[PDB]
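Single chain ahead, written as structure tokens, the form deposited without the named molecule.
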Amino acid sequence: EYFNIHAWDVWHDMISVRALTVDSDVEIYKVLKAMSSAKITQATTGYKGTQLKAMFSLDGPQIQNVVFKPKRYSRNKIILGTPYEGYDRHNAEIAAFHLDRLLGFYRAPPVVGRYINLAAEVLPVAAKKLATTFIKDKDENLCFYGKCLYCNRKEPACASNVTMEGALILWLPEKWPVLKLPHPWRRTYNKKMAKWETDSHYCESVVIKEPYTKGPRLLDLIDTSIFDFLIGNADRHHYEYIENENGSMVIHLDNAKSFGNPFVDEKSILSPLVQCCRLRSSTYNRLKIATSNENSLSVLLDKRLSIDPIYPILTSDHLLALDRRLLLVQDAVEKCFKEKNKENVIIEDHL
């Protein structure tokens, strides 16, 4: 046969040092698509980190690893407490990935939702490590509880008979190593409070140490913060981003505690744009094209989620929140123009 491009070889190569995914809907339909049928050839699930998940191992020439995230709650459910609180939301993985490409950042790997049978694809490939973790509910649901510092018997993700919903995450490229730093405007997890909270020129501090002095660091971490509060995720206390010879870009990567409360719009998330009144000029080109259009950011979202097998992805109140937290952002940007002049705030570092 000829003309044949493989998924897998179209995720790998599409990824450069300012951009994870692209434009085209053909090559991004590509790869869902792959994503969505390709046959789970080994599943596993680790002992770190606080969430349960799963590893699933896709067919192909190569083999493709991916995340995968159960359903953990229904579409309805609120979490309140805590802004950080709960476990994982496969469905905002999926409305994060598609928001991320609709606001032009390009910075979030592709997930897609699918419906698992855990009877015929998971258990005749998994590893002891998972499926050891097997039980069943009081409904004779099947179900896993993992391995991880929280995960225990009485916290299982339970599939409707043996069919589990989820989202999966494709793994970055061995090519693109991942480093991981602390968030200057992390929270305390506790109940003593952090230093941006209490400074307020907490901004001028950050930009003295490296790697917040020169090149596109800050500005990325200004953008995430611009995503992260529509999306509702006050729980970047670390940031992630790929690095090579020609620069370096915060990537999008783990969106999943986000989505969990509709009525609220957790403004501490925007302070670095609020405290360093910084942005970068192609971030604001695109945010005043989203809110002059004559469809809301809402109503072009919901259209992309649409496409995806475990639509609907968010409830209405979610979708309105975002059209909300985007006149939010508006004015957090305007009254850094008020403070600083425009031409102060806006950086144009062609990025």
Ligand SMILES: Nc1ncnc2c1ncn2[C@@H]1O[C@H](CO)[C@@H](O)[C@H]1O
Second form
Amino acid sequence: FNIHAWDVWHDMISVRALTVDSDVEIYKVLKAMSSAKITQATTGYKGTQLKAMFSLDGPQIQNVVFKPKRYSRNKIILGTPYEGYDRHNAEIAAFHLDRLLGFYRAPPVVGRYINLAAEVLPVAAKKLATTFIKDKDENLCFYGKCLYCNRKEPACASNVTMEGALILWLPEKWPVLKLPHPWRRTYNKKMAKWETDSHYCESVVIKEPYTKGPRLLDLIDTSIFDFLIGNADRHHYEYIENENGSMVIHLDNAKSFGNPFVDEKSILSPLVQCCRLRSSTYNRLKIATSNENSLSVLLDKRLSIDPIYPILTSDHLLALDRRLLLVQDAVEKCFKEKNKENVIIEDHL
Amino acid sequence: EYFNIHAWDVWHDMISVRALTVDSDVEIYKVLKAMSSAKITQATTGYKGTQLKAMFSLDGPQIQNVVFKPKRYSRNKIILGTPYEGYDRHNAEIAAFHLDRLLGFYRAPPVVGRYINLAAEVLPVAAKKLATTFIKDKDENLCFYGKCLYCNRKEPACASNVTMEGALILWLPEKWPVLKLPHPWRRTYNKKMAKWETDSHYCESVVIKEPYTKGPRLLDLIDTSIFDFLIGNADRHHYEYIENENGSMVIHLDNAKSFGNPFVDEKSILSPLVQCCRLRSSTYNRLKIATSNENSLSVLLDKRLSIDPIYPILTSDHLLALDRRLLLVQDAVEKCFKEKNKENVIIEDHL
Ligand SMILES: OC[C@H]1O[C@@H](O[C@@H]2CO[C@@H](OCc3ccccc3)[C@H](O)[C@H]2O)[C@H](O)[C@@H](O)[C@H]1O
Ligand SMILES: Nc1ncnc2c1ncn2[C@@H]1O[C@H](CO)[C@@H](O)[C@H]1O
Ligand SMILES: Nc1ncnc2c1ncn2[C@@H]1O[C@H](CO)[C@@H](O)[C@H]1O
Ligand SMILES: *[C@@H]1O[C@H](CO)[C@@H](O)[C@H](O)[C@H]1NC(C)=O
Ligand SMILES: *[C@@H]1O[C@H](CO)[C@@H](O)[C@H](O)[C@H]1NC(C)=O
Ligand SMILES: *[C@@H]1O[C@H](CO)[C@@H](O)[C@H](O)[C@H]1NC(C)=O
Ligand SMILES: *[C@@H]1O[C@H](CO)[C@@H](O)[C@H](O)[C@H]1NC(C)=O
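For comparison with the form deposited without the named molecule, would you give the structure of this protein in the form deposited with the named molecule bound?
Expanding to the full complex; the earlier chain stays at the top.
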């Protein structure tokens, strides 16, 4: 009667779902991530943020991405909509919100207290180990090898116990392709075209893969998801693809939950400028606003099972409820300027 | 420790009004493995019913009751005399549960085989009403004959030394009560012939009276009649169902009077199908996939049976019987296609 969790993970993925509704199958995978022994550790691909790559033990080896804690739970991030380090607790909260809203497009994420001295250093590749230092309080830290990584901006533990989030790596059978987001930001003081031209969506639905198929409706789904969590940093979106279709996946959601008082409505630009919305998601949104329990109350009950809970402060939770109403206003405004029959699109996905 | 779900909680949350079990092998294997290894905290037997059984309370955060049906025949015993004679076959409950999922009904509670050490697991926790029925046979095997209607000292269930083989059947939670109604196609259990045995137009009479005029009940009974025909269960004189606000469903409960004879096919069990010539659409779709797959129904069922602790479950004869009985079902429905058009035989109720 033995099934290993990494096998559950491999057989769980279809082209239009990364995770499933079954709490038994998902908790089984999460429990493995939370307790598997680390056999190898290195820096990873490249990226622009500080991360580590862990190889978890098993019949087959399963890689995860380690994003360490870099802020207090109640840090307020100010500046550009994409300011700050990657919030490790945002990756956890975004994963459970992904399932709570019925997207199921985010890989599993679990929090974990890592003993850097016992678990990481004995198996760390030289590329990663040479970046371990101590701070003025003799805590074990590492600053990593990346683009913005340097000796003066390390991630630091408590003594040797470092808190972070593990993100499950997709199997090789599901390669991840990446394309620039039509509504990407400029990342300088200029303005992107979608910030000056309110008819910008007309320009996008001309070129593939936005003229037909599910791509454009995916980006509108993800823009609603990104707006709720405050993720304004999806400049390149990523998707999986086989013979049966494609799907934009919610990967790297860590630049979220930076400020619980600001609502960057510019993230909703795909929705507000295109005024299209997949029907199945619209139905799930009306269930979230009609449920007796608010969206934040339901999300925290799922968050309460993670080892490093609390995941979000009350402010960020209440932000979700307020932003959900701001989404409903955006969609209802589309219903006025066009018509509900021309905004709600049923593609059976 | 984090992320823990107990199997009895998986079982409680798994049931909906139109499914007792789910397609997820992970959820099902988790529940089965718990039954196969959970420690028995209580064991008893009730004066009621007609068959020898025991009631086990399995350990856990909450206590979970199962029904224990002991082994009573060799694996290749042949039962003839009447379609419903014999003791309850423990291995039939196991095969019928996996056939229930293989065909996509999901109306049978989980069943697992298990070797019980009566001396170590049962006697220390046995209620006096059960312990007082323990005896020994001519070879000094540990046996018990129980308290029931047909139970007596001369017909006990006997182990090998003290290890008794049997089947555990999960008890449904209290939130899902089981109701019982007489099956319109009951047998007479005497030499008198039932009304459906003399009148081929009998289906007219049932769809007049409730609850067969409206709803899924009649189509459920047609589903289970196909299920019962494949396993050879001619003893469903009273069917049982669950019910809430969102509908009802006849469940495949107590399937032990099956797999008795691999050489006869009691087509009288198919009478609901052949006399009504109606068939739920989703059931027809799953049957045509079973007849078209390269692996026969018997090959697929044995692959699922091979995970049970007490495997082998069925002899080769009974497995080959399923494939032949499936063809007789396909013949029965195709015969309905001639006398009524296919557009009037297949009914789509989205179940
Ligand atoms: O030290 C980390 C640093 O991170 C900054 O976020 C970076 C900014 O650049 C984004 O990538 C922009 C881009 C790259 C390639 C092609 C197109 C666009 C990164 O995703 C993002 O993580 C952050 O703003 C700074 O505050 C600073 O904290
Ligand atoms: N869990 C993941 N699974 C597969 N590929 C990933 C994952 N996370 C990031 N990537 C990809 O690998 C690189 C790491 O930043 C990027 O190209 C990114 O798209
Ligand atoms: N798993 C079960 N769950 C609930 N009730 C059952 C179960 N098995 C048998 N019964 C009930 O107990 C009696 C068994 O002979 C019948 O009344 C039947 O409905
Ligand atoms: C934990 O931290 C301090 C240094 O911050 C160290 O002196 C102490 O010994 C550590 N505890 C153990 C058990 O090593
Ligand atoms: C989807 O594709 C998979 C393989 O990528 C295939 O096995 C399966 O049959 C397809 N699903 C459907 C519903 O056709
Ligand atoms: C079964 O039989 C032998 C003697 O017949 C005995 O020694 C053995 O211990 C018995 N098994 C158990 C489990 O007691
Ligand atoms: C019946 O279905 C509704 C909606 O699908 C659900 O809310 C309700 O809980 C179901 N009934 C019961 C008794 O759970």
